[PDB]
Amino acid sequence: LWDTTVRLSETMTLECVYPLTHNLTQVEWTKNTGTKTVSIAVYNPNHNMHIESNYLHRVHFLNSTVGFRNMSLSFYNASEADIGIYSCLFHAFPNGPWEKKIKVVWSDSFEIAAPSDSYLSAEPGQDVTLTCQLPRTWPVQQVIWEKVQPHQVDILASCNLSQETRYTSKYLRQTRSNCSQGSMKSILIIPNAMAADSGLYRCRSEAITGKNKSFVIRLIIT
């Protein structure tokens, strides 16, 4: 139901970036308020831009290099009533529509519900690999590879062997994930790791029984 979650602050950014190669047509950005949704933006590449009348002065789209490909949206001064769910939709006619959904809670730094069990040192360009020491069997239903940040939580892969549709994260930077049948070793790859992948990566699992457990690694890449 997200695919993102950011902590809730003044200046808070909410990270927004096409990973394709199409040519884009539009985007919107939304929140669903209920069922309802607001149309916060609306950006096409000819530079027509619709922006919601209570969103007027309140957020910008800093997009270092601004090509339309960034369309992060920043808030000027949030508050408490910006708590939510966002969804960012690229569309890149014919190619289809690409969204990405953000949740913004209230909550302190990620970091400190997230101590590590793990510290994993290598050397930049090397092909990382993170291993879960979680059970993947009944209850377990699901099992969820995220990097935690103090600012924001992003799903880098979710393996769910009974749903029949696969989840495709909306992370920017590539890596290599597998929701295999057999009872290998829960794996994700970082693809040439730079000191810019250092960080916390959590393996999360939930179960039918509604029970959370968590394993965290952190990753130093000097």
Contents of the next structure:
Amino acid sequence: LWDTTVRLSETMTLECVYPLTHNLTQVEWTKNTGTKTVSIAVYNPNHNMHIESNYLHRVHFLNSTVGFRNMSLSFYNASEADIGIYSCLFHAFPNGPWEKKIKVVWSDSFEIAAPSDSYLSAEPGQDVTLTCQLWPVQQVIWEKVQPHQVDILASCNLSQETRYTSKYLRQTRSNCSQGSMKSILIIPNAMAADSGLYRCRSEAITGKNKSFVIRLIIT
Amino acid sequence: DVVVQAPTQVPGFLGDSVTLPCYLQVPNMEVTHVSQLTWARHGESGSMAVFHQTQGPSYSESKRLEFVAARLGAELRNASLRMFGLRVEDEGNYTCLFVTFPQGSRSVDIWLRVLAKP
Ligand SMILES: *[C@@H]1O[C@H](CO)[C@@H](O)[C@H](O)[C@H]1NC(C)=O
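Got the form deposited without its partner chain; could you also share the form deposited with its partner chain bound?
Full assembly next; the chain just shown is listed first.
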């Protein structure tokens, strides 16, 4: 339902970078209230940047350059009304749409509820393998936990419907195996930027959920 | 506002060719610019058919799909797509999407139903 969860703050930024090489046709930001779509911004290379009147003095684009590959949505002064699920939708030829869904919630630092269960370190330049140490498990999620946001790196599932494509910009290798096994996440050619908290979330059919948190350190 | 018009269901027989109609309704006084049309199968990774205002058509497999009403040098308003040689795996829901400015994207879902023989 969402690819990234960000913590509500005054000048929060909803990160969205197009990761494909296709030339953009149009980019749009929208927000789902409960079931309806408010248009926030629309950019097309044949026109000027269009921001709806309801958001003209509420959001702006800080980390963009020509072409607008980075369409991150920064807020001037974000309020309770900005809580919800946002949609960053890139359109291109001939690939079509590339969508990223960002859920804005009210919370404290996400690292508080994610204490480290293991300390893994590795030298820069190696393929780090994060093995998750977690009948009737249904869904498995790999995510990187930061104080301001949580990014889903991998979402595996056996029975139900999902071939989840990670919208995380950094390249990671996931395995959605069928023998219920040690869920691993591979960080190819890990650098110092890949350091942080990586959480393995297993969700069973009972509603039970268990978390295993690995703190990765790349000196 | 700009609204996509399409039926909820399109029936077709096994082995026949069927056309999924999908049109963009825009009021006579409202200005809009449609950049490209996109068909996607509900439950897949990417799109199966795209028509760009300048680049023309593109299909996941060119032999099975065809934009029957989209044409270069004309207003992109009709995204109707014909599917050739219906097989049982073509059964499902399909998304017809219009990329418009400045209104944004408008989409609708169409249930393609493949019928068996007598
Ligand atoms: C759109 O194209 C389909 C395919 O032939 C056609 O049946 C339909 O009448 C067209 N709609 C409009 C409004 O022209």
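Definition used throughout: the rigid core is the maximal C-alpha set that superposes within 1.5 Å between two forms. Numbering follows the first chain given and starts at 1.
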Self-check item: Option from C179, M194, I189, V66 moving between these two forms, CA shift at or above 2 Å, rigid core reference
Solution: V66
Exercise. Superpose the two forms on their rigid core, then report whether the C-alpha of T165 is displaced by 2 angstroms or more between these two forms.
Key: yes
